[PDB]
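Visitor: Each chain, letter by letter, is given below.
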Amino acid sequence: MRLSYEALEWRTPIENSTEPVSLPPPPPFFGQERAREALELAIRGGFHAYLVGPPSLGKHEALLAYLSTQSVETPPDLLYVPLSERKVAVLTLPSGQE
Amino acid sequence: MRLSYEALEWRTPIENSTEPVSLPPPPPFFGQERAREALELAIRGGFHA
Amino acid sequence: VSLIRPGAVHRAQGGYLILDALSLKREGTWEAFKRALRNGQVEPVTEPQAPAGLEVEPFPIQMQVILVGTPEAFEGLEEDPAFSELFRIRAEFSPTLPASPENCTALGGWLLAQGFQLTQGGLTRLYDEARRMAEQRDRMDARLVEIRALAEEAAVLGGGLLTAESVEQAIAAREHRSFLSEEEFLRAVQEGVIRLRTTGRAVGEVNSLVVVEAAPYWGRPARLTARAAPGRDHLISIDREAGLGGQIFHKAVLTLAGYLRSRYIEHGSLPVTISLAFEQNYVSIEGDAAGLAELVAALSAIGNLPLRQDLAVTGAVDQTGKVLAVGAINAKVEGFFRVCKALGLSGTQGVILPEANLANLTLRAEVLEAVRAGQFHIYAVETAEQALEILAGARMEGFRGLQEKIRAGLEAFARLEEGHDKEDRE
Amino acid sequence: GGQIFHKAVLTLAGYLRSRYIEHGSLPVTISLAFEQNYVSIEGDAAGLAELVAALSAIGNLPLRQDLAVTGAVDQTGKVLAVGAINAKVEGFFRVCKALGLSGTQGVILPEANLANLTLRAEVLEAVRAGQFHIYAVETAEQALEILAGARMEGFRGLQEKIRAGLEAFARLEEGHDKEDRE
Amino acid sequence: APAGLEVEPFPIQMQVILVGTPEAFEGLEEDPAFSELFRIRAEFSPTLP
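Residue numbers (the entry's author numbering), protein chains in the order written: chain A, 1 to 98; chain B, 1 to 49; chain C, 294 to 719; chain D, 538 to 719; chain E, 343 to 391.
Keep in mind that a hint or two might mislead.
[As the list claims (entries may be wrong)] The following residues of chain C were derived to be distant from chain D, with all beta-carbon distances above 12 Å:
| id | residue |
| --- | --- |
| 1 | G497 |
| 2 | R516 |
| 3 | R693 |
[To be verified] Incomplete in silico selection of chain C near chain E, CB under 8 Å:
| id | residue |
| --- | --- |
| 4 | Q410 |
| 5 | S471 |
| 6 | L473 |
Honestly, the hints are just simulated from the structure, not real lab data.
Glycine included, each C-beta is placed from N, C-alpha and C at the ideal position.
Given the sequences, and given the hints that come with them, work out the whole structure.
Guide: See the structure below:
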């Protein structure tokens with residue numbers, strides 16, 4: 001059958017090409033409910049996750065933006081203690097005790 | 001069909017050869033409009049071309 | 294102990310260590326990393342000519358590791374069962390987002406946060422181009438950096454403000470910067486080096502549409518010729534026999550052979566040998582998008598049907614005759630439109646594309662304007678029979694029909710085989 | 538032989554099978570050989586040459602050795618453009634000059650290569666003097682007509698002679714089968 | 343060296359303009375990061391009108 005122009009037009013109509021718009025920033029992983037839920041679970045449980053996506057999806061940047069909003073207890077001041085002149089170990093202390 | 005000699009000539013005829021030609025230097029990327037415009041865009045935007 | 298430099302693992306404690314799977318796989322440090330995660334062994338590396346070292350006590354790990362990588366980068370990494378055991382949570386990004394006002398607003402907000410100042414026209418054009426990149430009409434490309442790069446080019450070319458004209462200029466320049474191959478092909482076609490007929494009718498010739506497998510995927514018609522000769526049942530794909538056809542192309546040719554063999558049952562084996570050749574090809578054809586084109590070409594060769602050269606036929610076909618969807622339909626249709634425009638639009642050129650690609654048609658402004666004026670047509674077919682009716686300008690049913698003409702052609706070829714074999718016997 | 542050469546040979550076979558359907562199949566086995574070759578050839582620029590050679594072999598048509606033939610041919614029998622046309626034409630001119638110009642040697646090249654004909658000087662003065670000819674063809678039928686020096690249509694034409702040769706080969710195959718069966 | 347220098351890196355303000363034959367980039371365009379980094383393509387037409 002011959003396709004009419006009406007059934008072929010796809011461009012969303014433009015009612016004004018001026019008046020610059022001001023829109024609120026979207027939450028990280030917008031339209032990516034699967035990845036955002038997986039990362040919510042990984043953060044909640046402390047599991048090691050891994051992000052998968054075709055390249056140029058900005059996985060590295062949204063992930064950092066999403067993690068920056070997170071809240072965690074103050075990380076302990078880990079420090080190397082010499083158990084001898086030959087052996088050293090990594091020791092974690094509460095913040096400010098180092 | 002046989003091709004006549006007039007249909008096989010391609011060399012531009014020479015009218016004079018004793019006078020040394022004098023011409024101004026061509027702009028960079030002459031004939032290369034696409035490359036020149038691509039570099040213009042890269043320089044204007046600071047992209048990596 | 295005072296000379297131990299902390300690494301990424303040491304400053305990731307109590308937090309998250311973001312890594313690229315490419316670097317872990319490429320640098321041979323995947324084994325050491327999984328050993329640090331499983332056994333809690335983090336030893337500061339030392340140059341190979343070291344006098345001695347420090348026997349670092351095993352170090353419990355309190356971090357979360359979030360690998361980031363392409364699916365191809367991880368497919369080289371699930372081969373180790375330790376990867377499945379350690380990284381249990383799989384966060385996967387959909388290549389496309391649904392096309393909706395909510396996602397348009399989200400894209401606008403994201404681009405505004407990125408620093409661009411969007412007019413409504415510019416945002417709408419960027420969202421439409423995202424849908425075009427996704428190749429869908431109801432889905433938009435989820436590759437936000439690609440859209441950000443296009444937005445940056447639009448800002449540069451428009452003066453910093455993203456208007457519809459600026460985004461159109463950016464897209465036009467993006468097409469024009471990689472247009473050299475298409476310019477060369479169009480010049481060759483105009484000069485006559487690559488002979489493509491976009492007007493008139495010819496028998497056994499179909500302007501099959503192919504996609505160049507390099508650069509921006511430019512579509513371009515490649516004339517296909519089918520020759521029906523009496524002989525043993527054999528569908529000869531010249532490109533496949535010469536080695537220019539891939540696995541999928543060979544599967545498509547075999548599927549066409551099966552459809553032809555099973556469709557016409559009035560003799561024994563199919564009484565014709567069909568030679569399908571992509572003229573002027575000289576390259577490897579490893580896709581299945583010409584199945585319908587070469588099928589209608591074979592049918593025309595069998596039946597001596599004069600096929601219209603205005604219409605370019607694309608789309609795969611199964612062995613029951615039904616046209617299946619193909620990808621990159623936008624590229625094929627726009628390439629054929631470019632080739633028609635170079636030779637001049639006669640007001641009857643068109644493209645025959647599968648009915649399943651109604652949702653994959655995101656044609657440019659020029660193609661849609663040509664369709665509006667009637668200078669370019671788009672035909673949607675569900676079965677190969679409809680494609681043949683549209684090409685030959687007749688109907689299979691009824692007398693003087695295409696089906697009866699194909700039957701008559703097959704009967705003539707079978708009679709020629711009969712005559713030769715009887716002459717052999719007598 | 539490269540993949541393109543095999544494609545050209547298959548295209549030639551398809552053209553021969555489709556054009557001559559007077560019998561249930563092409564009743565001739567044609568062997569095409571580039572003699573004194575000893576090196577792989579990968580292009581399809583010889584499609585028209587081997588097509589006219591095979592047609593002459595079928596029809597017992599004596600082709601002129603004065604004219605060289607270049608250019609690919611599709612299944613429709615339309616001569617296709619080929620690259621390095623200047624190199625081929627000048628090479629044949631050098632060979633003709635070394636063996637002495639007889640005033641009739643020439644080259645048959647596709648009509649689509651007229652834009653690509655940028656020949657050396659000596660070839661051009663040879664053409665001026667009438668010592669070298671360049672024939673542009675767009676159909677293998679025209680190339681065969683020029684080589685064999687006869688019109689394809691009509692009585693005592695090349696087409697009828699090709700059909701007669703094919704008929705003779707078919708009748709001898711028929712005689713073989715009939716004798717063997719009986 | 344026994345004790346190296348932990349040189350902290352510096353911001354980049356340069357623009358990179360690679361030059362190469364089409365097949366020199368054919369082995370380099372298959373890297374997905376190349377497309378994202380180098381956006382502007384400057385094509386040189388091998389023949390001029």
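Visitor: All hints are to be evaluated individually against the structure, with a verdict given for each.
Guide: Outcome of the hint check:
| no. | hint | in the structure |
| --- | --- | --- |
| 1 | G497 | 8 Å, violated |
| 2 | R516 | 8 Å, violated |
| 3 | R693 | 23 Å, holds |
| 4 | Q410 | 20 Å, violated |
| 5 | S471 | 5 Å, holds |
| 6 | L473 | 4 Å, holds |
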